[PDB]
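Assemble the complex: chain B is given as a structure, and chains G, W and E with the ligands must be docked to it using the hints.
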Amino acid sequence: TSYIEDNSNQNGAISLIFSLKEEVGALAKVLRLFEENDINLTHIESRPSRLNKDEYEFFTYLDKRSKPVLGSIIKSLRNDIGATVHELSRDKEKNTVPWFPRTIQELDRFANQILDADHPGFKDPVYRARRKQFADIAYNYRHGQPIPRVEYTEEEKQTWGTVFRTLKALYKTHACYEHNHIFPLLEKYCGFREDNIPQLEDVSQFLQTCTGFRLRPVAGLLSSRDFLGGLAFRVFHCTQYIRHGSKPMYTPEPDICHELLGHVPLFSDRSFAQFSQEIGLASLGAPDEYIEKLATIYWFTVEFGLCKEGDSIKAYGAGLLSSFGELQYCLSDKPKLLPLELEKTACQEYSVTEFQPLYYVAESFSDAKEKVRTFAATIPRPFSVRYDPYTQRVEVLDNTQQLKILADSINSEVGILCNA
Amino acid sequence: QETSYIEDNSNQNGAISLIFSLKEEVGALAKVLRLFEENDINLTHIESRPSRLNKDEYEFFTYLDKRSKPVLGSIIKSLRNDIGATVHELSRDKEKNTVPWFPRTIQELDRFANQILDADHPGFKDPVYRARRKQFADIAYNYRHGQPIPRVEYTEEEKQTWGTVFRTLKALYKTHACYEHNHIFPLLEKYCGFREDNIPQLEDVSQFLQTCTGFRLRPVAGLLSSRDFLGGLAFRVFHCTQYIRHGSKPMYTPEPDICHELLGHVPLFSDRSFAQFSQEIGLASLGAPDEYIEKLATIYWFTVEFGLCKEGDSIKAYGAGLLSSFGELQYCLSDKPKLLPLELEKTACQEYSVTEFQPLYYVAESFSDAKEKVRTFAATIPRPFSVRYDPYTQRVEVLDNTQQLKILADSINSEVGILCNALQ
Amino acid sequence: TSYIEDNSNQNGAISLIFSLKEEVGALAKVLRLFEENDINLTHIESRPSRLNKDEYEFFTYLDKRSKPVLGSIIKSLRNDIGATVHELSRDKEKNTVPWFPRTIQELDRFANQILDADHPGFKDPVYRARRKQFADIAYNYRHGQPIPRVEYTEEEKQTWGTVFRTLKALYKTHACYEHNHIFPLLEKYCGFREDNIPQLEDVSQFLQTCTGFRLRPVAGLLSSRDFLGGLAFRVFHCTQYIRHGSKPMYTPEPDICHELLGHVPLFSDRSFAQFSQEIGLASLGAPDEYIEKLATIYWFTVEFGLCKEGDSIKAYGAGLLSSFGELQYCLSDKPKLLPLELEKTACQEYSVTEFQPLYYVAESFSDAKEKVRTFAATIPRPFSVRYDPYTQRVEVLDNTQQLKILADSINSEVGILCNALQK
Amino acid sequence: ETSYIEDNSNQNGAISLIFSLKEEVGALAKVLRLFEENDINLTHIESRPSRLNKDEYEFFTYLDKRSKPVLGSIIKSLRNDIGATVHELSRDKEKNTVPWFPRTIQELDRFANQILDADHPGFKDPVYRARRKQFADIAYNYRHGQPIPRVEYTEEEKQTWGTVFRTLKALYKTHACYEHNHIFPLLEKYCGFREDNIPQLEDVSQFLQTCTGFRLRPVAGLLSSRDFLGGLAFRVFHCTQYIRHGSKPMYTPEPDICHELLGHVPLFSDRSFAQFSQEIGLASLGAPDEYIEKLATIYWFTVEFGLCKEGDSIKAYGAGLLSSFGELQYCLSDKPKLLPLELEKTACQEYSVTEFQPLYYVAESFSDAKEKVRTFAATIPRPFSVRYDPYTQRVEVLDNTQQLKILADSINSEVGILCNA
Ligand SMILES: [Fe+3]
Ligand SMILES: [Fe+3]
Ligand SMILES: [Fe+3]
Ligand SMILES: [Fe+3]
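These protein sequence lines are chains B, G, W and E, in that order. Under my numbering, residue 420 is the last one in the first sequence; the count climbs by one each step, no gaps. Under my numbering, residue 424 is the last one in the second sequence; the count climbs by one each step, no gaps. Under my numbering, residue 423 is the last one in the third sequence; the count climbs by one each step, no gaps. Under my numbering, residue 421 is the last one in the fourth sequence; the count climbs by one each step, no gaps.
Excised from the complex, chain B in its bound form:
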């Protein structure tokens, strides 16, 4: 029930993924195809191919205002020029790949897609106006800007201290080794104290120093497709508000207690950063049927996952390390335990309110990453994906010549490994 389907705006998003071999007038005739169709020369970004030395890569920033001229441009690119063109569409019409950000800067177009009666603090006028304050800050956040520092009230630090003290007194014996290895660093350099709520900017700079992970403040719950897409760029969309103080041990939406105490410590581990990033890469362009399956894998791993540690079993999921009740429950004899196998984990039924009657126990973060990679090969998409941390852009792999470049790259790295 944690899967949220993605919605579309009035403008939407359309991207044309195609390469072009350098020829006499080749780059000019492609820009002519867009210029002669009343498409601005700033939406058509051309860059050199990061694999083929003789090809250009095009980044088209379009929307639903190009529907009439799209059919003519795609036909010329496929028939006359004869290039492989991939049509991205946000509305996910047939014969089109669902839209996904190709660069880390493209995460801003759908960062405002956010999903009252029995919510805790609905009848609190001080708390209600403060939720509009944190939401407005997130709506105005753009990539590159520093996360705005918000002064927290004394009453909110009490809510954080209640969740902090109970969970910290249980981390030593119930949390995984990675959690208890990163957490002391967060207490000293990010101010992870009982009487202090850490700032997202101080945590974002810490995550960038450990694994390059970035925090982007969001007003609420993004769609499963948009949230996973951020993991491919090692960007963790998180909230900035805190839960209501009347019931400190319940939150229908991820609050700052869930993000900083559940996701942040494990995100500082590189082996875990690659696992969460691999899930995001599988979501890029994935169909709706497989976005939900990836959200289910995300539920039984990053959110409510167990990991082996010698002859014992510890918890690494964020929903367990941010919930005092289920943390004592996950490492007990009440629930059933099954080995992590994504062939049936993605089709496993679950609930978001009550405890999990069944948990999947992973062998290691590296083992879980390889399973997500193998599962990604079954996701119907006409290409594979690879992240380039130097440029913070996604490399779209389709040509066999690109694999020749990747094969020679591996061969060179192996040759360096032989010299020892």
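Selected chain W positions facing chain B (in silico; Cβ < 8 Å):
#, residue
1, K308
2, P339
3, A407
4, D408
5, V414
6, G415
7, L417
8, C418
Capping the alpha-carbon separation at 27 Å, the derived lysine-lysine pairs in DSSO-like fashion look like this:
#, chain 1, residue 1, chain 2, residue 2
9, G, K249, G, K170
10, E, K76, W, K188
11, W, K336, B, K344
12, W, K53, G, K373
13, B, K336, W, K308
14, E, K189, W, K53
15, E, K124, E, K158
16, B, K75, B, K92
17, G, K55, B, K188
18, E, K372, E, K345
19, G, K346, E, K372
20, W, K94, W, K67
21, E, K405, E, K22
22, B, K308, G, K23
23, G, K159, G, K134
24, W, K168, W, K157
25, E, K76, E, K22
26, W, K334, B, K336
27, G, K55, W, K404
28, B, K157, B, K168
29, E, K335, G, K346
30, G, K23, B, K188
31, B, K172, B, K247
Which chain W residues face chain B? A few, computed with CB under 7 Å, are given here:
#, residue
32, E341
33, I410
34, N411
35, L421
36, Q422
Quick caveat, the hints were computed from the structure, so don't treat them as lab data. We put the CB at the ideal spot given by N, CA and C, even for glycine.
Below, chains G, W and E with the ligands alone, put in the same frame as chain B:
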């Protein structure tokens, strides 16, 4: 005999970094921070981070200098005797038993980017041109990492100097420049404004290089030392100038000006195969002795600056000093000068001059072939550790002998996995 | 429990695994070190190291005849010469690694170690005298010889036809894809017919063409250590006799119906050949506590194992594909199914007489191979092993040698992949 | 006058069809029927499972020129109706066909009798001439798998061997490579490499099989370059069994037992060198005649007359140097020119077989030289790549992208072991 190698000098404060790991134990992390805390050292000068290989170890980044020399000797002894950790002492002054200092993070390039060592310069009796050099120098002196490069409006007289160098060199790129140069240059003309009547802004060029290979531009007032300039290449940071040469002599510049940087270095920096070659030279310089910094500067001279590369059965030019000089570009591709195959065993010890043309050029087989030779030459550089750049964190990983194989094994394992899912 | 502990003869078997750096007189003084103790110059085989260009690898074929002089020789190799020597011993005495064959020709030493009361056909003199014929053929069989072709009687082909007809009518819906992929080839080229019993030589030559697997005729049941050790060489020790015709659906011992219809078809698949070989490599030099655990893993996988195939589950174990009764049982609602996890599979209890109440479902033959290899890393032995199909010998690898031989293997496999992507 | 020998064809020739088939309902039945309905025996069409694709079958067709009429119809049906990728091997090397090459180690017997006696030393010796007919019959009747027949050498022949053996032995320490001087002591103790004794091929073949899996196949004389190189892909070294005439102990117009055992055998026991010679053989499988000669030229300046660096010195590893007292002392002098091994122009270098070599190529190492041959193999025009399977002793013909995915997963498993080590 008048070379391009510039030895590095030290300031009054200098820079000192302690490289050491720590196995996680009961109170281990607390007693290490106390060792610096009890010596009135701020908890921001001692940055502790988890080890990216050993799950049970911490990695420490100590940002100190010469203002901590008295208490430093006591701290290092406790880390080696009491705590018992392997400590490598980086020092800017390069005292004995210490590894020469090198930046570990991309933000550490600001410490020595303003240390630069008016007579026969063209336009020495021009106060407007002199005062404008003071303007560009102040911009570089006040520039910090992360800040956007200030956009400077260039005068019409400066566009005349740029237009003369731009038009003459462009008429030779098709037949004399390498394929990589002629592949990037059309993109620079359309998206960076590489026109005859326009001088591109460094910020617009820096944003373009970040999209291609992640290369960044760092404004500098003049010529940095070979150690500091090469160290920036390890972070894919290209220290470059912002001023333009004087208009009296449009085909002469004693120092690299904006015409030399944007037309010689920038286009090739957008190529990934060339970006890795230049980065490997920078990685070899990190912590290298002075004898090998000059040897790397000589390799840098006969490759990145004045290097030729094979392209089928023909020979093209890829050096920056050739693609930014109308005279020497026509000279390099003739039968008059001597040509030798690029082999760093004797290329690094070749003598050259900066004023007159090069009597000898080295012809590389490819950027990939030259990259492997630089890494092979780096294995002979006496350093008690290896180095690797991490683009995710923009920091340098200090790898000993054991951590070398684990990094490559984990990298090959990831690269093979992506190749499997692509083969479907 | 299908685990059979290995016994030792009066002579036993002793092998010294040690390398030698090439020096002035080094090779001469080592051969002299054995020659000066009246040890034959043919039992001490010296070969070059397949990794270090400057080292020699020694294959010593000894036994209990050298026990008094062994302690003196080992000291010189460790103290004077200074080489790392590991003593293999069949009796599995302390400070010695349990013996295992290093070459494919060394499978002949313990091929006669075999484990009449309630057997079907005990009161049949024709069937009993025929068991003496198949046993004698196996006792005299040596490595390299062609498997002797035995003509089966009409009464035996009737027994074969009953087991063949029932299993063939059930293979399509119950057997895995690999089984139904090899079986049509076996019917056309090996004579897998209802009215014909295939010859072992014709089947052994077929397996060599598919996965390089070889058949070695044995008189009966070898020990678990000796049987698994043959898998490291892709050699399948099998029997040649047939079950008695009175009970066509019962056999207390593995008969020709179990070997040719249960083990042979899956052995022709490469993905399964690597899985069965990986289990054999883990047994080489393994302690007795882990030989039984490997036999237990072998029981719930190769013998009685299930594998997923989409959203369905099929059978690939040999005890299921050679038994019409249990094949309908394994893919029914009667038994309990559990995911294959060797953490408790090696300690899982079972029985050999009655059907299995619980089966382990593997994800794939490749997935099961990786689980066995991960389990093999925990087996306490002072070295690793790797099979060399070029020389048909086992390479003894330690921590430093593993990195070089694997990196050189990866370098070669990546290199050819670079050219194939270039068409 | 080069060492390249073009291959000839018999009246029957040899034709092999390389094609795979995905398993479907009636797929295997329609292929066997396609050959049965054209009077092609079901024993010439050997079907085996694909050693990579779990869902495909691999077909080994043993045909020749006596199936030409029905071949054109079958190949068209396999490509149009069934729709499978079919590669037609042909010995006569007609156009649109790949030159024939053995796919299995047993297929080396078909053209092992193709051998190309006037001014030869010992022409007026009836005992030596009749003895040449004796060794030829042993090779003509030899089939793969049989043990090499042991021939007792006469006292007069042991004298000829002793003259070549003693002279070469006094130079191996300072002129031969380290690998040669590392293997040679083992050959003296276990193969009988003595001055007064000529080793038997069976004893030598079993030694090579234990070291690198190399096998010796007795041949009556000189096979074609295509057939000889093709044997290297299976690590099979076609060699002779006769000895040179005793009148000229330091001359032999044809490779004799002195050249094979003293030049090729010791280095063949080195695994790094065994892969190098095998890599050249793999490049020859299906290569055009223009590239068989180029590979024979690379083989000439490397395996036959090649030099290798060894520290700051240069030693000899070629077989033509380690089996010739005159050219071995000459190659490591200042008279001939030395050049680094670079196959871009080495394969087009002109040479002679009679007189000494005026130019030698110096390799860096056996591992470095192997990669150069593999790089050269990528330019050889063939519609597939090759891989040898030592388990089945058969050559894997790779065309599809699914086969590469399976090979990539194989590489992934070995990398995982290296990470957890
Ligand atoms: Fe969460
Ligand atoms: Fe420059
Ligand atoms: Fe069995
Ligand atoms: Fe020869």
